[PDB]
Amino acid sequence: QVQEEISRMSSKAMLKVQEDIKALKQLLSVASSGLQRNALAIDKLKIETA
Amino acid sequence: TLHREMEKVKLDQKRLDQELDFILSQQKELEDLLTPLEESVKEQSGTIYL
Amino acid sequence: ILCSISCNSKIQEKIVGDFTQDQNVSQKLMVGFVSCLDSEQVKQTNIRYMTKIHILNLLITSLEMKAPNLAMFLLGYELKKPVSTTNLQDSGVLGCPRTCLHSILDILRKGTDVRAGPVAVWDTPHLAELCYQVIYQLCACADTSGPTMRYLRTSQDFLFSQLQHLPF
Amino acid sequence: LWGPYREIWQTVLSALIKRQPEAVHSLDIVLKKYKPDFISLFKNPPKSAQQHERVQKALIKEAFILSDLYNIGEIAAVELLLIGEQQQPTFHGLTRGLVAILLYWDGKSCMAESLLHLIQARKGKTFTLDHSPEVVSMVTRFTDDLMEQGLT
Amino acid sequence: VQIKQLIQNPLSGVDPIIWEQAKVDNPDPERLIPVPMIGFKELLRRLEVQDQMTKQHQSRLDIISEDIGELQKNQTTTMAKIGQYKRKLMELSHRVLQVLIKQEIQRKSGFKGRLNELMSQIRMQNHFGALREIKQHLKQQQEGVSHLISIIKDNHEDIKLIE
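Chains as they are written, first to last, in the deposited numbering: chain S, 301 to 350; chain X, 399 to 448; chain Y, 916 to 955, 970 to 1097; chain L, 13 to 70, 90 to 183; chain Z, 319 to 428, 455 to 474, 488 to 520.
Think of the hints as simulated: they come from the structure by calculation, not from any bench. Heads up, none of these hints are tricks.
Derived SDA-like pairs: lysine to any residue, alpha-carbon spacing no greater than 25 Å straight-line:
1) S:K325 / Z:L379
2) Z:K391 / Y:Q936
3) Z:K404 / Y:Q936
4) X:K406 / S:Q318
5) S:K344 / X:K406
6) Y:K1010 / Z:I381
7) S:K325 / Z:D369
8) X:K406 / S:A341
9) Z:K391 / S:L327
10) Z:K420 / X:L435
11) S:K346 / X:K412
12) S:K312 / Z:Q368
13) S:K316 / Z:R364
14) X:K440 / Z:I423
15) Y:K929 / Z:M408
16) X:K406 / S:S332
For reference, chain S alone in the conformation it holds in the complex:
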């Protein structure tokens, strides 16, 4: 009976997590590129103001 219960516990979320994480890595990378670009805008505007 416990054997069948373990068979019934069959897992699908653990499949969803890895996808979520692989997506969140790219999300952090998108924010990273965005801050990288805004940094140079900051540098140029600071140059003009100076």
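With the hints as your guide, set chains X, Y, L and Z onto chain S.
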């Protein structure tokens, strides 16, 4: 690692954020100085007219 | 002034951020545009119309720009997931506040049960044009294709109901 | 409490101020349908205790509270609460109960507005709107049978 | 040390042979120790642990997403205000150059179609916005320049020390 990257990007975004208001502060103080130079100009124009 | 600024392609992207970076504020702006479009003396209605037109103009001119165009928010497409994966659903359903497209389809659905077809093609030509053009420029942008066509075909029976009264 | 009076106002506008022939028949139907509602102007349905016990059984305290506030039949109170619920998204930032209070106000407003648009469409001395004569006569007859009931 | 204090002196009653075999067959023995599992209810136990860790994982991932979205909105705001500052810098530059021309005056006294076509081209590129053999050579050439730039920088630093 995503926690690491998100915190660092949070530092980066806060940095660009404060820097934008600071460059705006300089943009304000510089128009403030742009008005007093105009005050001196007005007096110079009056002296030229005299 | 807004449509006039929206004419500049160089600002739209930044303006999009300026519209969204505050969630409650984006929501408020959207509620406002929707209320305006939903507006149920000659100069007054005149300006109201010309507004609706200028709105549609900002939209259409956006729907040509690359994404995320502001209209991606305006018609309600999710800019958070890959816009093709957005779930455009009915107004209020599951908490969906009224996006632009719902009001548009309403404006075009008015009178579609009367044997003379949708009242708008009679009363407001230039509108009806802009509307259909919006529907097209929507359907053809590939990223927009899927959900647009799905929600179109299943939710309101648009194609059959409308074309059942052609020719305009 | 709102949908009916609003339908009345819309139909009467179509038949009297808009001059829609297609509206005169629906106007006769609406007048015969709500003749007691105009005869008993602004009388709301009193409270019903079985309605209170039933809605408190469903909103429960909400319907009880509305029946307390307005002395309404608590089943009509449950209707109004559910109606505000179906209108909840159209009132962003107000609870279903506040939506119901506004809705009851709207219902009284629409009843009074239709009553006005009736009294004006009547065969008048100061002004007479260009209505189909039978529409003027129907509005005037309902108005006379009403004013006979002490509407003043 | 505690790892070797625990994994040895064998566990709840699994025989030592299987215990040392599972210690030797351990992949990533630093990121995991062999844990004893008994039958099928323990499989249900491991599924429960996987579920609770999945909940925590989605939670922390969404927390990272919250940080990301906040950084993003604030980044859009900062990149908006930068341009404000820059245009105001242009206006103040006008002001300063004018003031300098003034102190120079008073005291010291005594193509377009090409632009149009260029706008059309930029707009066309905006509209556009809306082979395995080559990669070997390209990686090789990027590598060559990546080596060369190093000698360039070294020459710069040697020039520095000579200065």
